[PDB]
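In what follows, a single structure is set out as structure tokens and then discussed.
All protein chains but one are shown in place.
Should a chain be cited, it is by its letter among A, B, C and D, assigned in written order, with residues numbered from 1 in that chain.
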Amino acid sequence: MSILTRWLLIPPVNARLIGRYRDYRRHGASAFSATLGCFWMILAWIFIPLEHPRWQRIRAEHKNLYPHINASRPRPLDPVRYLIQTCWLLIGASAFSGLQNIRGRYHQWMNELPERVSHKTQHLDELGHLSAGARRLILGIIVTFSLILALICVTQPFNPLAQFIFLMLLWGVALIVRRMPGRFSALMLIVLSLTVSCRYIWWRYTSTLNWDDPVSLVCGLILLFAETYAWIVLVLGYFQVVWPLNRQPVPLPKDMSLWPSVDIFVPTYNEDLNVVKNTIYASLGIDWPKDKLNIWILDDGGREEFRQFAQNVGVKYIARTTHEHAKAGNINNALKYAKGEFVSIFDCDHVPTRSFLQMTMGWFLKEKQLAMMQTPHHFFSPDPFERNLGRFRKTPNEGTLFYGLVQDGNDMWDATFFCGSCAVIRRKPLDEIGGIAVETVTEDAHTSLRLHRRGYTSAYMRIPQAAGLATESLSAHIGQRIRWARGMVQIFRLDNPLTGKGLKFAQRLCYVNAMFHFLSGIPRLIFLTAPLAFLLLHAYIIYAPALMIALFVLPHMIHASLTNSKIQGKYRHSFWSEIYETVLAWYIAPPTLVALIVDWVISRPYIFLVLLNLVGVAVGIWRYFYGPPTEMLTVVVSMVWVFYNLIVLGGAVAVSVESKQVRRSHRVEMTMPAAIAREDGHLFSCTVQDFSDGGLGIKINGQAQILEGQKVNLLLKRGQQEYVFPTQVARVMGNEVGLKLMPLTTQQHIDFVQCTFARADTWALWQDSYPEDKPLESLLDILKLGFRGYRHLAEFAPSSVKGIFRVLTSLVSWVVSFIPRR
Amino acid sequence: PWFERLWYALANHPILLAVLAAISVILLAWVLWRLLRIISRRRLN
Amino acid sequence: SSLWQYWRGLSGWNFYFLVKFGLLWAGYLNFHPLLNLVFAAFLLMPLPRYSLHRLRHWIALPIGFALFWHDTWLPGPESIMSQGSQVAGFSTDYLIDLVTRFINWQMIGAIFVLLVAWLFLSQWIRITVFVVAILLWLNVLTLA
Amino acid sequence: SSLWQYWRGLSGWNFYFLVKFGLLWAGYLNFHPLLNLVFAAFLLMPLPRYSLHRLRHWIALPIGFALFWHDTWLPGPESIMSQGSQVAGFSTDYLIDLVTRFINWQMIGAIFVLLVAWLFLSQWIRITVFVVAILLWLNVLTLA
Partner (left out) sequence: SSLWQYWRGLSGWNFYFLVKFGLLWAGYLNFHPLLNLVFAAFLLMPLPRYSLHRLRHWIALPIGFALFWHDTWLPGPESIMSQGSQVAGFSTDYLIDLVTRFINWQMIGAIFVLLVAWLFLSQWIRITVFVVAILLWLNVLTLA
């Protein structure tokens, strides 16, 4: 090869070229690849002035501007990638300080405008201060006027241009009022989304139902009923979380003589002691007088270890010989012996906090008919949607939305249902209702409903005061969700909340809306396979031009997403609720349907659906050229729909990657102050990154001098007390130091759990660290989630489809290699 | 046909309809705010 | 300089040229491609100091105003200067009627939505490249 | 050894060649491809010293000006020297009016826009290469 170049090139330039070629080949390039790369390099130097300082700077930053182009490894079709990226760079947009300051001032003024308006309306309060009859008549007539204007806004026929302009204006309204703190803006957006969704549903029901074929009519009805169900559920959910009460804890009487006695039940059937230990150690730290508290341990295993543990930590143990009605039966048996005015069921894993029994017990003495006060559930361990997807402390848990906003909203209508554990029930009403519900599997909601039907109210507190171990497998999380679904279904089949006496209609609405999520499998399946009615069969489900569909359906989705992102802000990232639903919407559906009338089990339906949608996308690619130029945008819309379904299914597959887990103790990554002291009199600070049940983690600033066999005394400071416990250096790998906690006696464990786990301040800063809900941030993240799921399935699928998924994933990666990046 | 009469009075009128919709949205949000605040006070106390 | 980082872009004048494009599309314009292109070149000319950049924008404002006036179908300054006294002496009702007939609410709505869309696009996509490409396309079509 | 830096391009005369190519494309110029490629060969042919390079450009400035003048259809300056007395005998106001009438502002606008275009496109397109390519093509056309 060198001889030909030397015959063509002078030894200086020949040496330069040979060096460049060898540099290309050293990085794993082929002969053909490096040859074509050299040809492209020489052409580029011919045309583009790489010696110009602009191009010196551009080459210097070649990594950032061209993340998908590896300079050291040339590849075939590199000029196509370069052209695409450079065209985007010219297209893309790259004294900005003054403009940023002006924009920030504008944002601050918009945010504070409701504040100033509220101050003006409050100091000049003077809204209901007129005469009763005139006030009622005025409210009625004004409501009728508003409803008439809404009706004319909903049903008005519009042509493409008019519809587009209306959409844009109302979206601008939604965007402007979205950045408006308070609780009034939520009502504004709820009303606006209700009007827009009524407009869309009316359009679908009055202009776009195809009556020309007995084949495109039944399918259209199915899709329209799916959308009607979705709209009904959205409206009931809006009613559910319309105005969270933000209930405030009541300070208890200063004297400690009128306070009641609290009985704490910790039920256990098969859990090991290694999880109950921390809960009972933090329970002993509860800031309550020790003569008016009873912490109980109940063991369905008949185990002696819990007996010994309870005896040596100073709490009570009771076990039963006969196990009937599972948790309900065990808790009732415990209540039979609980000589206390209150019963507070704590889970076998949710660690109580010291300021629990006083931050939730004032209302039981203020409101004299209260019967249940539930407390939020916060999971410190990664749930199966966090560990498998690498989404720990980056995406909130499934229950974050519920326990942060939905039950606070339910508190307004008095429908906050017992959530399994972590709640206080006054025993006087509990004796009247017969105890814990034993019929169904969801004892909690049934017991709460039975309490509510007797007139006794219920409460809720927002502060996270209970941390527990999240689900450790996707199968077990599916089992938990399916148990909730089956229990609610059994409740409805046995006791309909809608038909009763003594309940406000709002309570019935909250109860039924809590049971519209467990029938939401059929609509999900219908939506997923809906585009397989025009691409596979030939049926116009929505008898309308493709621009009109994109102009009526689109406002509904955009306004619903915007409103929900505003109301459920730092609780549920967008498009993840869909992923959770479709993960559930194959196994919760069969039980409810029966009631109405990789993995060979977990992820078979995902494989079925991805195969069907891939057949659909292939046939759609067929129809794009064979189809008439009129019926062209319909294929484009249906292909976008199938692509969305494919992203959904890829995410569903991705969630099912059960990763390696050998950490015996789940690590809670929080920053707390600690210190280390050696046998010299000098104290060294340390930066603590995380702790666990039997360990810790500290990064010493400087790493002065320690070894793997030296003894270091660890000093833990809380408030104004310093605590000393023996620690052993476990890992020494530079700035990261490993520690292992030896087994201890009772008091040492109480002090340690109070110093690390049961701190009622860490979860607040944790919630402060939650990333804001951002649609665009979700986009690439969810796309990568789907791609990872597809790749994993391609790895662990049957061979006959392993090849198919392999070639498909290869094509996807090859195409994404060309797509520009910022 | 009166409904068609009003429609034709606003078939090419999406902007006035949008503004009237905004006005009704504000009014309905206001009445809902009143009722919800009253219910909230009647519940909490 | 080495790289001349004085090609900052048209910045605000993107709306100016987009409004001119819209008014030419509607059919109300006697568009002048050469003068529009020279105005774009004057707006995009690189200048070292920021003071001269600000002065260039300030001097371009009245010239841009005059160019936009010249590109419309409205009468020239001679008629305005000759009929200002008559307009002042006219009754208020005639002036109000003329003002009402002058303003088209559809035009105002289109211009406002164009401004909002320009705000969004400038927040996302660089507009100067598109504006100059359209100006070059118009000039090439006209001269050919 | 930075010997390449003796072959830099005709950056600074790329505007010269682009203006002349445009003027030819509008038909206002009497073109000689051989002479133009001779001038391009002069420009791209190095000199041993940067001082010698500056001297080359100082010598080429009269040469470039003369080539631009003679390439245009203007009469020879010897006639101007001979008839300067007759021109001075004519009225000066008429001469001023005539020279104000002669200047075409459309070509001046095109020249200004081309200057801005060159000063921006000297990054993504090298202009000495393209100038010499078009010059070679025109020479080939005038040879065959």
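In this section, a residue touches a chain if its C-beta (ideal position, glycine included) is under 8 Å from a C-beta of that chain, and two chains touch if they have at least 3 such contacts.
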Missing-chain contact, candidates D:29, D:44, D:107 or D:121, resolves to D:44
Among the options A:3, A:10 or A:594, the absent chain makes contact with A:10
Hidden partner sits against subunit A at residues 6-10, 12-13
Note that subunit D touches the absent chain at residues 3-4, 7, 34-35, 37-38, 41-42, 44-45
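FYI, only the chains that are shown with their structure count from here on.
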A student comparing A-D to A-B should find more C-beta pairs in contact for A-B
Per the C-alpha centroid definition, the whole-Å distance linking subunit A and subunit D comes out as 68
Chain centres from averaged Cα atoms put subunit A and subunit B apart, in whole Å, by 33
Taking each chain's centre as the mean of its CA atoms, subunit B sits from subunit C at a distance in Å of 39
Where subunit B touches two or more other chains simultaneously, the residues are 15
